[PDB]
Structure formats: structure tokens, C-alpha cells
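Engineer: Listed below are the residues making up each chain.
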Amino acid sequence: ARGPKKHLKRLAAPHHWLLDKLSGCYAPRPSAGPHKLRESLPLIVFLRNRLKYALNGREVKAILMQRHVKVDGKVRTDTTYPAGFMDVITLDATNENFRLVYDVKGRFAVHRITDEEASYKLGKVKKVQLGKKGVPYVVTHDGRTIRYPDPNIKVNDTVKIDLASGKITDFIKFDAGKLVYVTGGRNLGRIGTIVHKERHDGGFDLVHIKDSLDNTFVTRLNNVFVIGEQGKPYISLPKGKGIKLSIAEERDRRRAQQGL
Amino acid sequence: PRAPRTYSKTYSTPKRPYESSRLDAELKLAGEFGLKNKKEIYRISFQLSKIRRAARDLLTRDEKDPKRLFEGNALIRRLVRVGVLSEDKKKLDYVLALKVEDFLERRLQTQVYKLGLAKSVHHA
Amino acid sequence: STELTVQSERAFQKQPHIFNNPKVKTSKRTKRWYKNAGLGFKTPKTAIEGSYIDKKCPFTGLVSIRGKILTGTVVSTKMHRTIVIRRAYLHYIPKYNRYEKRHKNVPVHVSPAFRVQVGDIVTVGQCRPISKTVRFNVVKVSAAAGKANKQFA
Amino acid sequence: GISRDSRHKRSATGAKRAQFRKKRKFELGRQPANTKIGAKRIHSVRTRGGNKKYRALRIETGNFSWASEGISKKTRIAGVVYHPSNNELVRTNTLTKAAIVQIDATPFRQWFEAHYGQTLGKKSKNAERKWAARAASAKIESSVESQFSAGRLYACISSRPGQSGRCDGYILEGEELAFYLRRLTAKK
RNA sequence: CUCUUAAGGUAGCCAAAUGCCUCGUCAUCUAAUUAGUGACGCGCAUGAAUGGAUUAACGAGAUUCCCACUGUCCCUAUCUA
RNA sequence: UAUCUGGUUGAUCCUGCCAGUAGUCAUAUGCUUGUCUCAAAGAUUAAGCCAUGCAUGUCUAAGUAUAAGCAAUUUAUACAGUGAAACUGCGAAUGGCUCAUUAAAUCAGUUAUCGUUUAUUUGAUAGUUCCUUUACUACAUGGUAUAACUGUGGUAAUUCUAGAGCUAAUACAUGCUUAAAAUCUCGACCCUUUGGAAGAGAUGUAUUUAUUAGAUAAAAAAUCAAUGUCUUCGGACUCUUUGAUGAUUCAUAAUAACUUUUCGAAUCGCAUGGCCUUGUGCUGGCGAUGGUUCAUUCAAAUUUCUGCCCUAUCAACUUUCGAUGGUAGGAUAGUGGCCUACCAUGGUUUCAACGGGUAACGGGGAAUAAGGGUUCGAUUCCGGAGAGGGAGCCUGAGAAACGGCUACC
RNA sequence: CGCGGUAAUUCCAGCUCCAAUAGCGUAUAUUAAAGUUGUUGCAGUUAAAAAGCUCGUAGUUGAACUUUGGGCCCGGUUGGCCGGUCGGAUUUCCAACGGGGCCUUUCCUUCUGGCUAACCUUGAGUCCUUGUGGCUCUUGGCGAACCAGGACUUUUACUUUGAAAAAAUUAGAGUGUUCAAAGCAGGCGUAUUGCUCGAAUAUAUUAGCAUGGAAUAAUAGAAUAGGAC
RNA sequence: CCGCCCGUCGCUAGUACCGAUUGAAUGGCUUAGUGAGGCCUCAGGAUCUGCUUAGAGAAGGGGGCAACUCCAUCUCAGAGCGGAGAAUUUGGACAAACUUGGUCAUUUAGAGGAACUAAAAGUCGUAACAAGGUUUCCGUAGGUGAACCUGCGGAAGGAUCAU
RNA sequence: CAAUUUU
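As they're listed, the protein sequences go chains u, z, AB and y. So PDB author numbering is basically just the index in the first sequence, starting at one, shifted up by 1. So PDB author numbering is basically just the index in the second sequence, starting at one, shifted up by 1. So PDB author numbering is basically just the index in the third sequence, starting at one, shifted up by 1. Read in order, the letters of the fourth sequence are residues 2 to 123, 135 to 200 in PDB author numbering.
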């Protein structure tokens, strides 16, 4: 005790980083995060575990100390820094640009996108608050807060941040007929779009949800997160598409990579 | 410090010191293959233990079962990949009824003598 | 457990941050601050027309039912504004594949809007830690027992 | 140095509690300050987390309010007469809440006559227009005017004296000055 | 088994007020202990209503040690009638 | 990978034990030892003592450069590249060791903060400061008084250091300068009375008190009174404002006052541009730095429920030294017998309370095995605790720190 | 357990043989063998064990009974008569069931609203196979087919499912670490900017939370009727 | 049955238990005392540093014909009224440490006392196993060199499943 | 009627 921890070992970190076990040593842990716990990932581990644009430790700082990588515009001078859900990190031009959305299994992503559609976020309100001077704001979930939203509608709903300023550009209502995207848990990041508007009133919230292939998987509220509309989706996604293709279908679908 | 690293045993001795045939039925085998040590005859039985550790519990459960139709279809393939189970008996029940000391004649002591070359398996 | 000149002791019990203006006289004369706590717990009316203060009442005081909801039956009543509930639960030891029934009798704060004898199958909530050991407050009496205003033998 | 958790203090049965893990900083409770009268030695302290509170000593003036008009004027604080719990601070001139004090009563009737004009109790270009407007309520209460007859008033007290410095109470109004006089006189 | 007069000190207890030799021997008490207490018994010469052994209370009964107190003492001085 | 064999008898059958039997990621020892990868290791008894060393320091484009330092020399006669020693700033509260104390205590799972604090990271975020409101003068920029240093001392001492000569700021204490409306407090002129205003003051933020709103299940006449816009002038109608929780005296705005006055840049880097009215005119970018508040995050502190080995050769334990509750006060960052004053007499308990013992840190887990179980875990991970044994405490966002201080043993 | 008292298959030695193998023995705890701690699973005549009998509150243990049947109606799983062969689809129906909804007195809560909605609403209008047969603006209207509020409910024990049970530990799927115990790597071309699948899965008791189930048990609801409607 | 086997008594090595010492130490909880320190707090005010009215202990010099001493004129300040403030002190609270006892718990010392174990198995007897030569066992009482014996009331595990 | 021992 006696203050906050600042050292974090390997074999004590989150496993969904898919970080290595046996290098004989400690692990990266982020700073004081903007948004999440370490269900984010440091941008150190993004570019030598998954990108492999580097191969050892402080050479992540060598790219980082030299104005190269832009995160939401700014260079992000802290070498370890949380790159959580939905966020847009960008390198130099000609298609080195990404976005951080979960897959089905539990890995994070390798999601190569363009400089267009990477000009806007898509967040979620945790709380709305009318702060001082009698003037209302809202608290989106990546740490930011935006002022004067598209008002008098909602709590617990998405929003479309626009990477210049606050900029409510499209709030999209928490609908039954919707495209939702669960964030976390054993059911992390499949897709289940809706089935029903439960509340389980009074005590605690929970939402019934069905997938594309009619396997109803039912999630907590704090995991679940709206991202679009049926057939529409605003943030596009990789080739996984959220099916949870199970192991007795994994067996013969992987019979196409041998070429023989 | 450093994260731990696992290490296991790979055999299991019988609970009987002295029986007047199995200390010769090993040597009905020991000259039959040219094996230098009965650690290995415990070692290959350790697979024959742990195969039938892995196979009886897949069969006391039911037909159409999400480990039996995955792993009971997968466990038979890895041992016919060596080929010790025959190319007709894929039904996982001649895995429980697998032949006694059948894994070790496709060790390449006697896979290089079946292509001539030695005129022994002690030479192997 | 007191009544009959509610301001009986030597400090003056009255609700914080409320006030009645001494200027123009009307018929209600005390804007008492009451509320509801949630979880479908609808207030008894004797809370309104009564004139108790007792700062850790659940519907009038500056607390709120916040955690979980327990059950049980009441054992004692011999204290000033506290009673103890009784619980029965069954602990399973897997060595024997059998049960055994234990008990733990926690205390729980009472509100004078209620009334309880011994018996009185009751449900409680969770509060702020209002005292030394009593941390729960009764939220619904559900007075239910056999032979109540029924004996005439 | 006074601890305030319960790793001492024998539990609900009578078990002599195993006391251990040497006393820590998130456990503290300081010496009682006992604010007095005698011209403003309110000594500043640090606190926990990076903080700064006010333990008063020897205060003499604090704004005391009515407040259905909200006057809140600074008054000379004179003498404690009744505390509801501790009957030693009445005799040692310490003040905390409900240690209800006689004060001065003079900076009120300069305001009271300024638009009512009773007078109690033995011309601008809109002087009647600022006196006939807020009129027809010139009576206050019987036992409140009759304390201005002696000309020194009983104020109640509300702010915490040795944790924010200022003792900031209200004019003890309502029928509460028909309540403390029963607890005042009956010390017998 | 035997002799003297018939029987040969059992239960117990002790250097005890009863042990000459003796300031018996061992322990503890002490700075030091012919004193005191607890054990040993082949006890010149203890021992059973000539009563034996153990005893709560009560001793102006006799002993040893401790605490408090103090001119008994170191060491005497002064005052009063 | 579910197994048994020798021993009572002259011989038999049977309880019952003794003995054999295999494994130990469990210790020691003995004999012996040729090769590859993987390595546990002063836990056991002495949480017993320690020689000697090392284990916590740190600088950019961006806080101060008179080093009689070093190179320099051409963009800088205000230094103009670094840079010892230093003053600021941050960190040293993390890591590492060990398991003595500790058996509803810690701890495991699961919840709460509507009961609280937060350096740091990320995002929102300051035209209202004058008090003789043109004397308040620097706002084209005000004052330290100390370092390092320079020179002289003591003592053998040690990371002890002395008077004197100066000296900086993002250290200290101060101190101002910028747009209009809006309402309220008065009242020059009303002298008319169904009304107007010169002028003066406050007007941001924090503090603390008292008070106000923060509403939301159908309609309609009559009553009395303030009572309005327009005028067909009896008459129609004042359109009435609301964020969230399951719930709040909630956020928030308002009224009236305070405050030894809380804050509101007197800070550095690079490039040097735009109107001519050619003048320190006026106007600008980009980058760190610190701030008040609200968020977030890293946390910390409490708290719900249920779960711990033996023992009755431990059956009653706890309260005049608070034990169990209540009303008030203090104290707490923060709720509360945490502490006090008083008032009441409770609470736990054969479902094992209280007490005793542990060759007991708890858990994740280990060994062994047909299944049920048994015995372990000092220790690679999570949490707690201690730094010879107890107490105190400064600084700090975070400490009862101990590679910090004081007292005692 | 026994051997040794000048005939030792056990001592001391030789030669031979046997075990296990770069390991083996010894000592100490502990697990199995121990059905020698026994819930699954013990004995109770001297064998070791049933009190000398009886009462007795805790603690256990506690007889039976309340929606059964009957019929209707729908689509699912497996396999067929079906491979019809390029061991792959079932065209029809069937076989064993299991899931759901009705009706027989037998609804599977009720009211406030806004929806909503089925229209048997239908005022009527539309290519044609004949004007809710393929389609349209709208009424008494197939309303908690969807929200958010009410009468707010006998309560549990039990059980399926489900997010919840940190990482490593274990079973493990994949991978030529030489095999291996390991580890999560790697693989394929063009080996000239050049592609690429990967790193799962699972039990993880009890305590909480949500929902489905109503047998087996406890648990309460009318008696001087103050009983619901 | 020339079978076995029981007790005293002697011989040797042991192991627990009782034990005068007002036994001893350690650890915990408590009786009444002494109470270091640190913190808060009522005080105290060495020691500095300012501003103002302005003399003096003196010129600061508006350049005046002598002026007003404009100024501060070294520092007494004639004052004021500050502000930072040590050496010590005041009353609380926490309280290390120590004594005093009492009560527990854990180990240890003891002069000596009676038990039991193992034992070439010796002396004295024969108790038991047969109708063991008095049928054996149990409870209680008494006795004695030792087994043992005698009452008394049971039971057959007896030597009778029998009028 | 009475009966002791046989390393």
C-alpha cells in the first residue's frame, strides 16, 4: 500500500493483451488513463506485438519522441499511454491509419483504415451533468466532455464525436432495431444488434441480445454499447463480422489454408 | 523474480516390485526391439495410460456431445497420424482397445530396419 | 421508543434545512420533508400525521436505502429504537453431501412509523453505517402472524 | 494522535479484540479546539490530501440572519447562556452549535426602522412609497419585540466554530425562543 | 528353627518439648546461620484411650522469617514540669 | 493406473494389529558420476547479531548562468554553444526482503459510497480585481534576501559546520491595466399622485450560515382583492417555465451577509509575419509551465452477505477504565461510541458465545489417486503485516515511512 | 518370522546369478494400500464395543389427501422408405419422441394511459386468377404481441440456463522445439517491398445476482366470520 | 500334567508422578504510583526588519542674504504600530519505560518419596487351567508373609439344557 | 478324609 502501485509484472497483466509469459521480467503498465482500466492497451504493445514495426523496448520511444504517430491529432508524448476502445491512432499518410475495435475471440485488432472515416469518433455517454454557471454539458466515455449537446433527449446512448471539437453531429437513439456492439466479458465484441429492451428495474441492468445465427447471448449493460443500425453500421469492422463461429465449425472452415 | 516454468514426469512405475513374468515379458520385448532401459517401457506405457485416461471419459458421456464430436474426432487423428491405430478402426473404441506396446514399433529404430540396412535391431 | 411530547429531552429535535415562516398563518404549519426510497417500497401514512423527528428514519432522515434487501423475523424489542432480526440459512459441507442449518441475528434500526411485536416476518434494507453495529434499517414490516386480535377464549 | 477506528474497542460480544498493525495516518483525530471570545485568533492548519481548515479561537463577530428577509448583518457576540449537552461550556465561555448566545441587537433596528418605522418600543421623494409598499406586516411577534425592550437579542448558532472559523448562526426565531426559555429557567 | 519370664514395637511419627554420641546427614533460608522449616531412621530411652496421627477457628501460650514503623542503636542533643 | 503378501496354531478359519509395497514440485544423508535443454536454494531452530562495499536519484528548445570552466567567433558589447557546484521542480510512500504477530481478525467471492480524498494523465474552464472607481502610478514590467560563490575559523572527529562581501526566480510577499447590455439598493427633479430619472454602489470565482425554486393523475363555475394588454371598449385572454435517479435537503440557479481575503500569467522557447498613420504605432502564430472548479483515471479508506484447525480436563462472557442503543456536541478528508456530556439497560450464547493452543500469514494452488477423501501451501502470482522491541511526528497528493526524524528499552 | 551351539541355501569372504539403472540405498513425516475412521463404506457375545432402567428440552426424524385425464392444433431434433451415388440437398409422407399453444366448469395476473395491431374493423376504391383472392385513405374496433405506472403479490428449500468465478495450475486443439518435458510459435510464395492462418476451448463447489421449471418437501392464508368479490 | 503358570521377597538398568523451597524465569491481562518524549494550546517576546510624525547625537542642503531646518540629519528614535519571531514556559491529549501486586499460560531446578516397565530368571509357596483336588468369576466389606481366604447378593462364561 | 515340585 502506502500509495499507488507503479510496477506491474508479467503473469499479472490482463491476458487479452495476448502478452508474452516467459521473458523473465516485468510488464508494461499504462499511465493514469484517459478512459478505461487496462482493458485498454499501451501503444507500446501495439507496435511490437501486433504491428511488429519495432522489435525492442525504447525504440518505441524513438518513433514516439520524433513527432511520428498522431493519436486524435496530438503526438501523445507519453510513451506508454492507453489506446482503449474505438480510438483512432494514425501514422504517416498513404493508408497507415487504424482504429481500435475488438474482434470476437479476445484479441484487440489489426484494423487498417484510411484517413477518411478516421475523421470522427463514436462514443457513449456515461453521465450527463449540468455543471456550473447553470450550463449543461455531457460526459462521453473516452475521458472527454463536450459542451452544449443536442439536448433534452437521453442518458445511456451513443454520440458521434468529430475529432475537431465537441461537435454533436449524430446522436442515434437506444433502439430496439439497432446495431449494438458488446464491449467486454466472455461475450466480448461479437455483435447482437438487439433483441429486447429489458431494464430489470430497481436493482441492476441487463439486456437480452440475439446474434446473426439465432444464438441468443445475454449480456450486462456495462458491457453493451450501441454502434449503429441494422445493415447501416457507422464504424465499419474487420472480416470477423461478429458471428462467434464455434469450434465445431472452426474445424472444417480452417481446411482451406493448405492449398493442397 | 522470474515467472515459474513447468516440468513433469513422463512415466509411472507399477505398484508391484517383483512378478515372475512381467520382468521377463519386458525382456520378451527388450530383445525384440533392442531397448536399453525400462524407463522407456514405462514411458511408452505412460502414453498408453494417458491415452486411455483421455479416452474412457469421452465415452461415458453421450453421443452427439460437444467434446466427443470435437476431441473424440480429433484424438483419433493424431494417433493415426503416426498410424498405430489401423486405417479401418477409426471409431475410437479400438483406441481403448489399442494393442499392447504398439506405439513403439514405429519408433525409427525399427522403421530404418524395415528398409533393410542393419541385419539387427541392436544395430538400429 | 418515546412519544408524548416528542421534544422530551434537552435538545430540540427538528428536521434540518426546513423552515416555516412566522408571518402568515395557515392550517398545515410544518412543511415536513418526506420521500420514497425506491424498490417498490411505498411509505406508510402514519409517517405523515405523526410528529417524530429522529434523524435516522429511512423516509424522513438524510439516508437512503442503498444496498441489498434481506429478510427474517424479529427477536428483541427492549431497546430505544433498535430491534434485532433473526436469520436461518443452510450451510452445505460436501464431505457428507448433507445440510445443517445455522443462524446469525444481526441488529437493525427501526422507524416509529412502524410497530412490531416479537414475530413479525419482516424485510430490511441497507443504509449508511448509522451506528456502531446496526447498519440496516427496516423498510417494510408486513405484519403477518396467526391469532392476531382473534383470541377470545 | 487520537485514533478513531475500531481495532481497539471490544466488539459486540465482549471479545478482547486482537489489536495490531501500528496506528496510521488515515485514522486521525485531533485535540478539541474550544473556540472562545477575545478578538480573532483563528489559526490555520493543514489537513489530509492537501487541504486547509480553520480552528477558531477568540472570535467576537459573525453574521446572524433572520432569514425570511435574509438580513445577515454582523453582530457583536456577547455571552453563551445555554448549551443542550455540555454544561461546562456555559461556564467557560466556549461556543458550538445550539450554544445560543445573547449578542447586541442594535444592528437590526437600524435596519428594521429603515423601511418599517414602527418605532419600537418605548423624507425622500418616495419615503411613504417605500414605506406603504412593504407595509401591513408591521407586527413581528410578542416575545420578539419584548426582547428589543432590553435591547439585547438571543441568536442561535449553526456553523461549526472550530472547523470553519466563523460562528454563523441565525436569529433564534419562531417558537424556539418559546422553547429554550423553558430549558433556560428550569435549572432546578 | 531356637532361647529368656507369655509376646516380641504393626499402623504411624521424630534429632520433635522425648537423640547421650551431636553444632547427626542432606537440602532451602543467610552475605555469614549451635537458631527456623522440609526430608532420612538401627529410635541410648517414641508409638497406640499410660491414647497414636491430622486438624478450620481461638490463644495476654512458646518460637523463626518478611513488610511498615521507629532514639533500642550509629550518636547523642534539646526543652518542659 | 480400482491388485495385495510374511507373523499367533500340532494343523484350520477370523478379528485385529506389526511388518513388507509404490509415490512425494519433501527434507537430510551415504556411495557413485560420461553427455544436451530446464534451475530450487539460510523458510524450518534465532523476526538472533553484523565487518565491508553496493541497493534512489533526476535537465530539456523551453526555470536561474559573471565557473577569472571548456571550446569558440561571427548575427548578437544585455549572455547568445555547452556546462561542474548550486537554488527551484519532481521522485525517493514504488520496487525488493521476510512471515514474528495474527483463528469472523486478515483473506476469497460478491456489493456500496445518495458517506469521502486525490499529486499525476486526458478533456472542459476565468474581460465583473480598483475601494476616494481619474492620487490607486510601473503595467513599455515594482521590492526582497538568502544560495552557489569570494575570503577569513574551531574541533581529531561525521553527510556538523561561523561571523563578513555580494547575488537570482515559475522561491517570497505585493500590485494593476481591457466590450457593451441586464437587475437590484438608494434618491437630484417629481408636486404630480395609474410615473420618470441625473448620479452613486454591487455586480466573476471560492468561503460559511439562514432562506427560495428545482414542479408534472382529470375538469368548471362562483366568491373577495391586487389585477393587466388591446378596445368591437359590459368585453377575449394573459400563451405559465424543467435536467436526471428506483429515491434525495441532488446537480443547478436565486436572496442576504461575510472572508486575517480563495483564484483570476509581473513565466520561459522558436519564428518573425500583416494596416501605413515610419512609429518601442497597432495586430498576430506555434510550444512548454502552472493554476480555481467539474469530469475522468491511478488510487486509497470504509462497509453488506457468506465462508475459517483442535479443545468443554474452558459454560456463561461484556459494562463503575463504553460494554449495548438514543439526543446533542466535538473531533474526522469522510459515516459511526471514534471521543465527550447526559439518558436508557442492553447485547452474545450449547446452531459452542467467552476462554485456552497452534511445531497457523490468508487465497490462487500442491502431493496422492476408480469414485468420496486425507494431509499440506515459509515461498515465483493477489492481498495483509514488520523493518531490533514499543510508542510519537515534520514534510508531502500519498508515511505513523524506518536505505526520514524524536523519546524510551 | 528367525538364523549362528566345526556339516550356516541368512555372519565373514570368493565365483556365479538377480534387481533397478547414472542412478540406488538409508532416515523422517505423509498419501494410497487402510472397507485399520468407514457419507459413498465399519463393528457392538468374552471378542473392542448396547448405558442398570425410565423421564426429558434442544438436535435429528417425521402417515395419507387438493388439476388428474381426455381430445384438438402447430412447427422443431434424429433416422428413414429417399443417394437420386458426386460417404451431398430431401421432392412427399412416415417412424421414436421432445418443444409450444388451445378446448372440455378448467386462461397463462389485473386497471391507467400513450401506443398499438390483429382487422371478424370494412365507408368504399385497384392489374386479373371472381374488388382484405394481388393492393389503398379511415371509424364500434382480434390492446398491458411494447413501453411505464398501479391492485402489488405466503415465503422458501430444490433444480436447468446465464453473463460472474484475475493470469499462471490441470485436461487439452494446433505447431517437426531433432523427439521430448517445453514454448506459442510459425507457415506459404518471387524468396527482388511479399503475401498469411495463428495464439482457442473447459470444468472451476458453496455465498450473491437473473430467468425458466412446480414434482418433492417445509410455510401461511375464513370459524363468535372483522372473509374476498 | 515330569504340562503350563500366579504373587511377595531379593539382583540390575530405566520412565513418569508427588515434592519443602513463601521455588525461579519468560509472555499476556489487570491494582496504585512514577512518568521521558512529540503534538496541540494559554503565555513569553531575546533577535531582526519596515513605514510615518519629526527633533536630536546633525546638516539632508529649496540656494536662499540670514529663511523653513524641504530633507530623515550617522542612531537616541520623543513617539506610534506594526510584522517575522527564538531561549524558555502554561493546561490538555497520546502516552514509550519502570515498580507494585493479583491472576493465568509456557519451560526449568530440586533433598527425598512411593509406583510401574523390562528383565540368566533365583528364594518362598501353589493361586489358576481337569470336580486344578474347597466349582470358577463379579460388587462390596474384613484379614494377612505373598498368591490368597472369609462373609454377603448375583450369574453360569459349570461339573445339570432332564420328574 | 487328606497330595507339594519336576528350568
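Do not rely on the hints blindly, as some may be mistaken.
Mimicking DSS-like on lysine-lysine, the simulated pairs with C-alpha atoms at most 27 Å apart in a straight line are [claimed, not checked]:
(1) AB:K79 - y:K24
(2) AB:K24 - y:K151
(3) AB:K133 - y:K24
(4) z:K115 - z:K29
Keep in mind that the hints were calculated from the coordinates and are not lab data.
Engineer: Does each hint hold? Answer for all of them.
Structural biologist: Verification of the supplied hints:
Under the criterion of a C-alpha separation no larger than 27 Å, the hint pairing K79 of chain AB with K24 of chain y is inconsistent with the structure, at around 37 Å. Distance check on the hinted pair: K24 of chain AB and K151 of chain y sit about 9 Å apart at the alpha-carbon level, within 27 Å; holds. Using a Cα cut-off of 27 Å, the hinted pair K133 of chain AB and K24 of chain y holds, with the two alpha carbons roughly 20 Å apart. At roughly 20 Å between alpha-carbon atoms, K115 of chain z and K29 of chain z fall within 27 Å of each other, so this suggested pair holds.
The earlier numbered hint that this structure contradicts is number 1, and it is the only one.
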